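Engineer: Residues per chain, in single letters:
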Amino acid sequence: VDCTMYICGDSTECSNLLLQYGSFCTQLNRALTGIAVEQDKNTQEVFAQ
Amino acid sequence: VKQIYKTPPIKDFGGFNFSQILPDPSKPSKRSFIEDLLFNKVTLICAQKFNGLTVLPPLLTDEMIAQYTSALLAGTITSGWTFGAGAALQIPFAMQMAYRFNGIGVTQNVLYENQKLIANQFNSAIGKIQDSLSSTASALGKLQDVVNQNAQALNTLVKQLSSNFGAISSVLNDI
Amino acid sequence: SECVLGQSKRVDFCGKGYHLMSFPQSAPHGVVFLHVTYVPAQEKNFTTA
Amino acid sequence: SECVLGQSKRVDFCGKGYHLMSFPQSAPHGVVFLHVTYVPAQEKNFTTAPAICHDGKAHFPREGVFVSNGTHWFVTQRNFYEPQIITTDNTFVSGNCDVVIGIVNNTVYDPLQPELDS
Amino acid sequence: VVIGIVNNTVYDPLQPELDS
Amino acid sequence: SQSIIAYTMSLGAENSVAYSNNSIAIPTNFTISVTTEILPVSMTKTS
Ligand SMILES: *[C@@H]1O[C@H](CO)[C@@H](O)[C@H](O)[C@H]1NC(C)=O
Ligand SMILES: *[C@@H]1O[C@H](CO)[C@@H](O)[C@H](O)[C@H]1NC(C)=O
Ligand SMILES: *[C@@H]1O[C@H](CO)[C@@H](O)[C@H](O)[C@H]1NC(C)=O
Ligand SMILES: *[C@@H]1O[C@H](CO)[C@@H](O)[C@H](O)[C@H]1NC(C)=O
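Protein chains in written order, with UniProt numbering: chain W, 736 to 784; chain L, 785 to 827, 849 to 980; chain D, 1030 to 1078; chain X, 1030 to 1147; chain P, 1128 to 1147; chain F, 689 to 735.
Possibly wrong hints are sitting among the right ones.
[Claimed, not checked] Quick partial rundown of chain L residues pointing at chain F, CB under 10 Å, derived from the structure: (1) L864; (2) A879; (3) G880; (4) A924; (5) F927; (6) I931; (7) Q935; (8) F970.
[As the list claims (entries may be wrong)] Which residues of chain F face chain X? A partial, calculated answer using Cβ under 7 Å: (9) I692; (10) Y695; (11) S698; (12) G700; (13) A701; (14) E702; (15) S711; (16) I712; (17) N717; (18) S730; (19) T734.
[As the list claims (entries may be wrong)] Pairwise CB distance ranges, derived in the manner of DEER restraints: (20) W:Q779 / L:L922: 45 to 53 Å; (21) D:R1039 / P:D1139: 19 to 27 Å; (22) W:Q755 / L:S803: 46 to 54 Å; (23) F:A701 / D:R1039: 45 to 53 Å; (24) X:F1109 / F:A706: 17 to 25 Å; (25) F:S730 / L:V976: 42 to 50 Å.
Think of the hints as simulated: they come from the structure by calculation, not from any bench. Beta carbons: idealized from backbone N, C-alpha and C, even for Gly.
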């Protein structure tokens, strides 16, 4: 999920305002990427033996 | 393990070399030869003091963990698995290898004839870990990644104070 | 408990292949296992019955 | 599934040391297990040898170990004190005595001799 | 009963010492 | 004169077992103990 797009989208005023919330979007994106990588990790561990 | 076992200085293991794993008094610390490389490779460190952050030292210091590891090592060497189930009944390593060969499904003879080559192969394999760890920085991946994740999470938490969250300013005193 | 204080009857739990023993090694915020296993080599094409 | 439904060979999982059996007990939002262990005691150590040489061929204890009280040698299971005379019925042979290191010269009794009378 | 059983001689360790 | 002390916790007892290539220790009188284990199963079904 794109945090900036989901919260604001194409609008620019909302995107500018959201910068006041620090790096919550970055943290959420990092967590989602970690989960996505972990999915492939589990798939490989279970199947690629 | 409830007791701290030790290896007699003779260390007559019939060609099996435990220098890499057993404690090394030569170094300032009592940790084994391999341990030093692992700690050096593993080691935003000691730079979190502001904003009320504090770190509690672990209950079991590194020296205590090394002592526990050395005790487990000594128990495994002489007593094999016997000390993990009762009294530490010492058995020669040359014959402990034969006893284990029986568990997997190999007769004690194979070892009783090939002991020299078996010990040489064991020493080479255990001794080759040093070079592999030294030449490869990804061998300690898990600990490095978890430490980096914790460090970056703490850094992000600290930096969050720099965001006003829609307020006029990010400093209470200025407001 | 299993790899060090005994011989693990499981498979691919203590090292690769048949387990023999494991010599524990400590590490910062972790532990390193020197798994020792048995690996056959030099297979042949003998006949059975 | 392992401690109660059967016997577990896992170490310090179904009980401290060699596991024997377990008896589950009901508890509020919990389980109380009365594990039964088997811990050897009354230690005693003797002299040993890897193999035994009788007539130029190396003998091995098969399912036991070579021990001795200083007067008589015996073959017994490593996990208990059950001495027995070195006999082919509990001993197997492979290879010569030269290759083996630490081999101790001794005589292997033949259980056939008592039956070879008359 | 066995399937694939092969025929080969089997030695008796007690044959040389059978005589009393 | 009971008080509170601040010491370095002992890492268990110290027992160095004599080890030689010609010596083996074999038990003679086994003992049986009972190891109690406790493990929670579920929480209260609060809603
Ligand atoms: C073993 O023999 C089979 C047939 O007898 C053959 O197909 C196979 O390639 C052989 N493998 C080796 C390693 O000799
Ligand atoms: C080993 O034997 C010696 C005597 O040879 C004895 O003093 C010692 O207590 C024994 N230790 C064990 C663990 O049996
Ligand atoms: C055991 O050690 C002694 C001296 O420490 C040595 O003389 C002896 O040969 C060793 N045992 C074997 C089987 O080599
Ligand atoms: C083994 O395979 C060969 C070739 O197909 C066949 O002639 C033979 O009967 C088979 N024997 C058994 C015991 O399956």
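Engineer: Next, verify each hint and record whether it holds.
Structural biologist: Taking the hints in turn, this is what the structure says about them:
no.	hint	in the structure
1	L864	holds, 8 Å
2	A879	holds, 8 Å
3	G880	holds, 8 Å
4	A924	violated, 13 Å
5	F927	violated, 16 Å
6	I931	violated, 19 Å
7	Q935	violated, 25 Å
8	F970	violated, 34 Å
9	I692	violated, 32 Å
10	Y695	violated, 28 Å
11	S698	violated, 21 Å
12	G700	violated, 15 Å
13	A701	violated, 16 Å
14	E702	violated, 17 Å
15	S711	holds, 5 Å
16	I712	holds, 4 Å
17	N717	holds, 4 Å
18	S730	holds, 6 Å
19	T734	violated, 12 Å
20	W:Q779 / L:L922: 45 to 53 Å	violated, 36 Å
21	D:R1039 / P:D1139: 19 to 27 Å	violated, 41 Å
22	W:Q755 / L:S803: 46 to 54 Å	violated, 59 Å
23	F:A701 / D:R1039: 45 to 53 Å	violated, 32 Å
24	X:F1109 / F:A706: 17 to 25 Å	holds, 21 Å
25	F:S730 / L:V976: 42 to 50 Å	holds, 49 Å
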